[PDB]
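The structure that follows is given in the form of structure tokens.
Of the protein chains in this complex, all but one are displayed in their positions.
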Amino acid sequence: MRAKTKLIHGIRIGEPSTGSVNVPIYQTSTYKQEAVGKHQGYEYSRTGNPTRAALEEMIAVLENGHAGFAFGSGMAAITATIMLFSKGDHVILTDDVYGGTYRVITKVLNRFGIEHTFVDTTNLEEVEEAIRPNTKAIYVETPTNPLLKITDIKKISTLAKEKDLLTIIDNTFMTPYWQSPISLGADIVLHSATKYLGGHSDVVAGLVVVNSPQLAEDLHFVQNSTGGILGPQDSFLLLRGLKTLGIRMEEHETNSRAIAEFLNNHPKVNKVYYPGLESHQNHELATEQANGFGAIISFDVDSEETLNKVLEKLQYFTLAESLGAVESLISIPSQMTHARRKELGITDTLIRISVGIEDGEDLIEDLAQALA
Amino acid sequence: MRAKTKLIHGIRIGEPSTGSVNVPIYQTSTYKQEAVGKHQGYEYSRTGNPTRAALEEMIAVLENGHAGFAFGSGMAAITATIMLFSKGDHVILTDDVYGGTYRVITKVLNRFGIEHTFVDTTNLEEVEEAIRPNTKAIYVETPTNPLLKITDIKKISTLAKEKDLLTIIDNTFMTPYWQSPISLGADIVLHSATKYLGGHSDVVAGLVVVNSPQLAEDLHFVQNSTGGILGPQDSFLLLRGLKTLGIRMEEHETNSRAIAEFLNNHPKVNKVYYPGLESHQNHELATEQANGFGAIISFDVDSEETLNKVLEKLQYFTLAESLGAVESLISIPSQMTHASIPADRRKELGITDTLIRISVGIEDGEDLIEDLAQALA
Amino acid sequence: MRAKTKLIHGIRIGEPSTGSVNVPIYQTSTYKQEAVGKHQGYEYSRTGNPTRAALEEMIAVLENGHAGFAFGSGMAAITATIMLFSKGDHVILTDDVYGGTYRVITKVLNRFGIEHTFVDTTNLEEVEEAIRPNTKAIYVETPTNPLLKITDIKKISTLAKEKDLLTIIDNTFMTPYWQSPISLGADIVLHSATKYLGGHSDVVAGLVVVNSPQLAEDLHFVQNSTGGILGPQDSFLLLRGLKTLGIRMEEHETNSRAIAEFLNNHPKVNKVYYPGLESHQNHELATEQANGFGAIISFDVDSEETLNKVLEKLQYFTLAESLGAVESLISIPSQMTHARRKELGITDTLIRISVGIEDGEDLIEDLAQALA
Partner (left out) sequence: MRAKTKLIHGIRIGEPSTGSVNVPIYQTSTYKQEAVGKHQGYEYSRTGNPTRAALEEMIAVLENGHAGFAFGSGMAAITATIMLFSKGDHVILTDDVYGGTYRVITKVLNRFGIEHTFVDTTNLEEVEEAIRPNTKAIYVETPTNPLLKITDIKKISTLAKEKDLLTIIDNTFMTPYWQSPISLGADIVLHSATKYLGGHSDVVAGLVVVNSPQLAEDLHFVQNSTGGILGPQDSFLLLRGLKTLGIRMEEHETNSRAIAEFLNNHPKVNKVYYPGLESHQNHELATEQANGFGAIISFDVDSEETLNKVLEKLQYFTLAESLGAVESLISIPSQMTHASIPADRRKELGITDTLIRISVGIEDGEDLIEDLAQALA
């Protein structure tokens, strides 16, 4: 089936007991057993919950992977994944990963003897030079938050496999709809479902898909033991979100390309980050490993006074944390993303916009009037 | 406020926006800021959500604590708490801690350099000679699952404070209604809110209460960084359950004392574990550090055929894992919780494969006793 | 099984498909059919919804009736019930019914040619004298909101049956736990589930139980045709509420008797309405047709200045509409119950309290300090 179809029919429509065209919300902690260990399906909602299970199956189907896992946040998904490894293991990470990943690697998991190196994963020579004897995994975010740097998933995966390393990809920004990391060699693909997958700024959730029975047993053990699960009401809202992922990302795409084009040709804007501009580092790779450029744009305005006046005049962009929502969001990474900032090239005049599904024309006019 | 009033007025009734007598469900990820850094207290739901904030405050109130933290499960609460420690730290634990706790200490957190010693925490001498220079805390579960063994919280706390150690208490079985560990000198108290606090078998949740601002900054940092948060719908259902925790535990208590007496005098029952029997180890301590015995009773029946007849015939006890629900539940520890441990140490901590665990609900007491009676004869 | 047991085991614990000890929330409008008209159980959520159906079965079991029906409010329950009748039919009602029932009878259903007489149902001679040829039903609320007048359900039912009339009882204040109208001859018993049945001030719902297959077909047709249904999330919260109805009403009872006793012996309070006082009209009948006196108290203080000062000083009673909640509520019927007020004896110094499950001692001390 085509991608739009898979979002509606990835799992069996018609719940067995009643024919409900939706997954029921199993707001329950426990399950009556017929005999000692013989109501097989479900035993305890931490271990498995039918609403969460439908969600875990759906994300595995959408990334073409072996098994899915649902966590209370993106950060719980990221933490459970790194907790596959042990004291003495080493991880290589994209140098401009999300600040939350930066923080958990450097301020939490360091205290547990998990070692890291931050590397420019755009430079495959530097990635290979970072490999230690105790290295177990390469972790890549593409595009990155918020500079949208593009890393070659197929080349990172090939290097990882040659050196006996797992490839972990944060596919949050592209979603399963635009990019397929497992198809390009990734062992583990993960999502802040809080962003595009839910799509309506109303769920905090993380998803992990693994490509192997061994990884599914090992991540299941971590999720069941440390228990950072997604509840069934949130699981239901996330399943509901997934239904419109295709038509949302298509409208996001159309709006964002026109906005990147207009912002890149503006007197008050001297640099624009967006995979769909030919000027963007690795634009060519962006067109090859993904079917869309996404809906996150970062742009550097000429002065503090331009920034401030953009914030106070914008009508349809809401000043807030997060992204991936049907409504347009704006943040100032320099004043809103704490967790080298200078080294990464995150200017004090840099603005990040999350482009919504408002009319593309209203969003351009709103940005124009804001910079006029 | 008396105890029953606290469960209702622990936090202000009337939210500031509309006066709603209930906490609204903030099904939301993010908040509009007036200016970059000016926001009315909420910026991103993982860091703080107002529904979760009301629940975290409520449980902090009920435990007389500095601040509360809500997690997606009891196991997330225990994990987040032990993750306050770092590689080369040592924790002393109660030896018959809950299975899920055993597993996180011995199969997960061991891989992260956190060391442990399992000790009989009923023996303050043995606790003391497990203290190493890298020891940071003593973790106590009282009463224990499933033998309801009792640990002197006030004695553990005073030993701990004397050796500059943190005291952590798993107060799930007693709840804040019967036992107040921070009052007895605990630094940290946590709950599988999945049990009594929710009380309706319909929320999986963990709660942690800390009694210092330093512990609140540190555990908040872990919560926000590792993100095992409870969502707003579960937060609401757990707040809702908290409202009837006092009257639920009073009914649980009355059914349980009568069933514990009933089972202790039945001829097919060799041994009964319940803190309320005068014959139970540290019954005297149980009556000093808590205002109730629980609603959990384990009893050793006379034979395999009896065990199978009671599972066969009970009408009002449902066979299922978990406990602390308004509906009565039964499990066989040997085949359902302590299947992991060998038969070796299952005679040590006396877990026969004729031991039954019942969680006494709020059905009519006389219905539950009649039900046990018919099943057993 | 005893009453406390029935609240936990009235319906089968263990949902067929997974063994869940709870009813799943069927957040769904429609159901896949195997063949044209052959997924039998469920077809469309207006007509039937499995969460709503569990709730409808539970309330029928708790009132020992034939079938249950769940509506979006008490007033939707009351309206669907009167809409069993037609233009030209006449209904007799307790003269001091809830203001909402007063309003729908006199300002809505009058425009549809449903005729009414309001009668003192404490006076069975006046009830019999009110019967017209076009009379179809006697509608009784006992105790009444807010004066707690007690009507003889068995004598009203016997008169109704002799004259070919249906008996409809609003059992909201007593709940199924304290009073059983069907057992005393009632054909229809109904509830504002918004009050004690939900019990936590967090659901608006109405329930109707009927005693006959004919009434179940006729009310089902009205509920399915006019569609004032309770949604499945509210149905789930109401099922959850019912679980603690017994232990709640027992604590309500203990607190309320002590409060009625203290209020009735107070210098600043010159009259107290509460079924459990020997001085209350028909106290004897109250002890006979119900197992409890309930948790609503109305009291007349000596002056406006006493009332005002009670309102501003009470610590544990919240000034709000509604009742039946675990938290204590206070209202002034003279300034808060619009929809004869003088005729009914609703003084401008009359206070209604809904007694909660706070500690009974804290509630007395709070009322004392408030009148000191």
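Letters A, B and C mark the chains as written, and numbering starts fresh at 1 in each.
By our rule, a contact is a pair of C-beta atoms (placed from the backbone, for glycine too) under 8 Å apart; a residue touches a chain by one contact, two chains touch by 3 or more.
*Asks:* Touching the hidden chain in the complete assembly: which of C:319, C:344 or C:364 does that?
*Replies:* C:319
*Asks:* Return the single residue from B:1, B:3, B:11 or B:21 that touches the missing chain.
*Replies:* Touching the chain that is not displayed is residue B:21.
*Asks:* Under the stated touch rule, tell me which residues of subunit C contact the chain that is not displayed.
*Replies:* These residues touch the chain not displayed: 27-33, 35-37, 43-46, 49, 71-76, 78-79, 83, 86-87, 100, 103-104, 107-108, 111-114, 194, 198, 201-204, 206, 221-222, 224-231, 233-234, 237, 311, 318-322, 325, 329, 332, 335-336.
*Asks:* Identify the residues of subunit B touching the omitted chain, counting contacts across the whole complex.
*Replies:* With respect to the unshown chain, the touching residues of subunit B are 13-22, 24-34, 39-42, 50, 236.
*Asks:* Residues on subunit A that touch the omitted chain in the whole complex?
*Replies:* 1-5, 8-9, 13-14, 19, 21-22, 200-202, 237, 240, 243-244, 246-248, 250-251, 315-316, 318, 320, 325-327, 356-359, 361-362
Criterion: only the chains that are shown with their structure count from here on.
*Asks:* Provide the C-alpha centroid distance between subunit B and subunit C, rounded to the nearest whole angstrom.
*Replies:* Centre-to-centre distance between subunit B and subunit C: 37 Å.
*Asks:* Counting in whole Å, what is the centre-to-centre distance of subunit A and subunit C, each centre being its mean C-alpha position?
*Replies:* Measuring from centre to centre gives 50 Å for this pair.
*Asks:* Any chance you could list the residues of subunit C touching two or more other chains?
*Replies:* Counting only residues that touch two or more other chains, subunit C contributes 13-14, 19, 21-22.
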